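All protein chains but one are shown in place.
First chain written, first letter: the chains are A, B, C, D, E, F, G, H, I, J and K, and each begins at residue 1.
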């Protein structure tokens, strides 16, 4: 169980919240 | 169980919150 | 159980909060 | 149980808070 | 049980707070 | 039980606070 | 005379190219 | 005369190229 | 005359190339 | 005449290349 | 005439290449 809370303002950069069970490339 | 709370403002850099069960490349 | 709290402002550098159960490359 | 609190401002360098149960490369 | 508190400003260098249960390479 | 408090400013060098239960390479 | 050439791909962080003749805040 | 060429890929951190004739705060 | 060439990949930290003729704060 | 070439990969720390003709604070 | 070439990988610490004609504080 994963819980993500993201409160943001004036955001230019990328914000990434994720769960990668297996293989992933960014 | 993973809990992530991210409070941010005036953000330029990338903020990454994640869980990698297996293999991952950034 | 892992708990992450990140309060930030005026951030240029990358901020990474994560749990790597197995193999991971950054 | 791991608890991470990161309060930062004017940050250029990378800030990494993480738990590596097994093998990890940075 | 590990508790990490990092208060920083004007940071250029990398700040790493982590727990390595097993093998890890930086 | 390990407690880490790091108060820093104008930091260029890497600051590392960590607990290595087993094998670790830096 | 200022010349800026920015070739980028897969960009998450903010890329800023600018000329500040006088006072500026980021 | 200032010339800036920035070729980048897979960029997370902020990349700043700029000329500050007078006073500037980052 | 200042010439800047920056070739980068997999960049998390801030990369700053700049010319400060007068007073500047980072 | 100043020439800067910066080739980098897997960079967390801040990399600064600059020319300060007069007064500067970091 | 100053020439700077910086080839780096896996960098956490700040790398600074600069020319200070007059007064400078780091």
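One rule holds for everything that comes next: contacts are C-beta pairs under 8 Å (C-beta built on N, C-alpha and C of every residue); 3 or more make two chains touch, one makes a residue touch a chain.
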Quiz item: Which chain F residues would touch the chain omitted from the figure, given the whole complex?
Solution: 12-14, 16, 26
Quiz item: Which chain K residues touch the hidden chain?
Solution: 1-26
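Heads up, the rule we're going with is that only the chains that are shown with their structure count from here on.
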Self-check item: Option reproducing the contacts of I-J, where over half of them reappear, out of D-J, J-K or E-J
Solution: J-K
Quiz prompt | Rounded Å distance between chain A and chain D, as computed from the means of their C-alpha atoms | solution = 15
Self-check item: Touching two or more other chains - residues of chain K
Solution: 10-14, 16, 26
